[PDB]
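K.L.:
Here is how the chains run, residue by residue.
There are 2 protein chains.
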Amino acid sequence: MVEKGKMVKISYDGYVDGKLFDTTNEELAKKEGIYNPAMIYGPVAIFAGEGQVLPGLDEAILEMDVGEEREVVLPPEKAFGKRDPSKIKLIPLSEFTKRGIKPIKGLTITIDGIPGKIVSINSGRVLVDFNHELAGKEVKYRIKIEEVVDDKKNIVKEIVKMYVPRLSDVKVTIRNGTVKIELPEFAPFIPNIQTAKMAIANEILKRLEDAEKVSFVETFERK
Amino acid sequence: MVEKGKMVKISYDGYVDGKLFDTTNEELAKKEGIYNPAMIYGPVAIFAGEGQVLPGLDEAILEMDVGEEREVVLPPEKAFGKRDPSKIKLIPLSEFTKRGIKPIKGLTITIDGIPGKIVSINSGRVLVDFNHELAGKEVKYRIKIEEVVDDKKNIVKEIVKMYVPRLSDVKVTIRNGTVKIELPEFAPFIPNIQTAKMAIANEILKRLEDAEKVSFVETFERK
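Listed in order, the protein sequences are those of chains A and A'. A prime marks a further copy of an entry chain. Residue numbers for the first sequence follow the deposited numbering, so the first one is 1 and each next one is one higher. Residue numbers for the second sequence follow the deposited numbering, so the first one is 1 and each next one is one higher.
There's no promise every hint is true.
Note that identical chains are pooled: a pair holds if it fits in a single copy or bridges any two copies.
Cut-off 30 Å, straight-line C-alpha distance, at most; resulting in silico cross-link-like pairs (DSS-like, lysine-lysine) [unchecked claim]: (1) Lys-4 with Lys-223; (2) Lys-152 with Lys-180; (3) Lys-223 with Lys-213; (4) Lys-171 with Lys-152; (5) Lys-6 with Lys-223; (6) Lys-9 with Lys-89; (7) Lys-98 with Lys-180; (8) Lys-206 with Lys-223; (9) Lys-223 with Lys-152; (10) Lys-82 with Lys-137; (11) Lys-223 with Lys-78.
Please keep in mind that the hints were generated in silico from the structure rather than gathered at the bench.
Next up, chain A with everything else stripped away, as it sits in the complex:
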């Protein structure tokens, strides 16, 4: 059943048109010929049906129990999205050169956060499609609940890691409505750390109910 909000270490196998596209197995990543030089592998810690992952796996994680695995089939409606017509627009040649780009069929461009694909350069105006690569297609998914965590101190720690990979270890210290985080002496030097902290905060609050204050204690010592 897995209540809404309880942290789960899930692990996913993602197929589309038979070919595998997304997963958490690095050894399987080589053996399929796809690898992200940025993504972190192993059981991805997510929250119970809080809309963290795809809505289809989201409802499926709810149905599932700790340890249980299945071949979940996700319709495009409940997976990546049904291909919106209005998301196919014809953007002029100006708004194109205005971004230092010659319109090239196939080449993809971004307008206002939303990226998109040049379909055909119609002498004058350009046809661009703003739908996700995997929109409309149906995904065969294989998800397993690797473990569940339900002890505040630890939950916090996982969040911290979910946001800053480099932060494998930290002292948490719950004192009723407060969550003390004592970060390693290298922490204050992480590029864009304050941002993280103030995001790490959000989540700790947004999820952990017996928490109304988050604290980051940084230390400096001389050599």
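Go by the hints and put chain A' onto chain A.
P.N.:
Chain A' in isolation, oriented as in the chain A frame:
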């Protein structure tokens, strides 16, 4: 006598060629026709002869005692600097256009941190002088020791302020070799804060002897 290292709230009147050039009196700033839209006025907290201010006032603060004032006269050797010949160099026209600037007599330019003044555009090469405006001249100074602070908790606080004006209030909490700084809830949002903190640290250590660890405790709460 004022021992080396004890924090002092000094206040300065600075004359050069009769005209007043530097001071801590905002009301006198208008009444003389010079004002920095950035500088903060009132007794500037500095450390006892640690080379914080001009070496001349530095040795004079040592001679002086709390409350005492004088008309200290500073030679260019012990004030701003004696005008170095080698600091007058002839930089080529390339290194000039290479910085998007047409060489103009009077206009000042910077090369490698060190700013300097275009003296004469000698058809081909440019004569540039890299000496501080007030170098060579002699300064008439009027300095008064407004107060002295010698209690750790408080000393810390002044440093914090010396670095981040916005931080008028903070909880310090000395626990033997450690200095706990508890910063207001807006602190983590100050632009370039980590930098400050890690600088604030330095000083706290560099000065306060019974301190080997500095700590910054930031907090986040939701609205």
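K.L.:
Please work out whether the CA atoms of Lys-4 and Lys-223 approach to 30 Å or closer within one copy, between two copies, in both situations, or in neither?
P.N.:
between (48 Å within a copy, 23 Å between copies)
K.L.:
Using 30 Å as the alpha-carbon threshold, which applies to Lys-223 and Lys-78: within, between, both, or neither?
P.N.:
Cα proximity of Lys-223 and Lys-78: none, with 55 Å in one copy and 33 Å across.
K.L.:
Cα distance capped at 30 Å. Does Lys-9 pair with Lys-89 within a copy, between copies, both, or neither?
P.N.:
neither (40 Å within a copy, 67 Å between copies)
K.L.:
Cα distance capped at 30 Å. Does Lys-6 pair with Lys-223 within a copy, between copies, both, or neither?
P.N.:
Between copies only: 24 Å across chains, 43 Å inside a chain, cut-off 30 Å.
K.L.:
Give the relationship of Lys-82 and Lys-137 under a CA distance limit of 30 Å: within one copy only, between copies only, both, or neither.
P.N.:
Close inside one copy (8 Å), not across copies (77 Å); limit 30 Å.
K.L.:
I want to check one pair: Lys-98 and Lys-180. Are their C-alpha atoms no more than 30 Å apart within a copy, between two copies, both, or neither?
P.N.:
neither (49 Å within a copy, 52 Å between copies)
K.L.:
As a check of your reading, is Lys-152 near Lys-180 (CA-CA no more than 30 Å) within one copy, between copies, both or neither?
P.N.:
both (12 Å within a copy, 26 Å between copies)
K.L.:
Could you figure out if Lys-171 and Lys-152 sit no more than 30 Å apart (CA to CA) within one copy, between two copies, both or neither?
P.N.:
both (12 Å within a copy, 28 Å between copies)
K.L.:
With 30 Å as the alpha-carbon cut-off, assign the pair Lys-223 and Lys-152 to within, between, both or neither.
P.N.:
Between copies only: 22 Å across chains, 35 Å inside a chain, cut-off 30 Å.
K.L.:
Go through the copies and call it for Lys-223 and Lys-213: within, between, both or neither, with a Cα cutoff of 30 Å.
P.N.:
between (33 Å within a copy, 11 Å between copies)
K.L.:
Is it within a copy, between copies, both, or neither that the alpha carbon of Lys-206 lies no farther than 30 Å from that of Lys-223?
P.N.:
between (39 Å within a copy, 12 Å between copies)
In this structure, the hints that do not hold are numbers 6, 7 and 11, in rising order.
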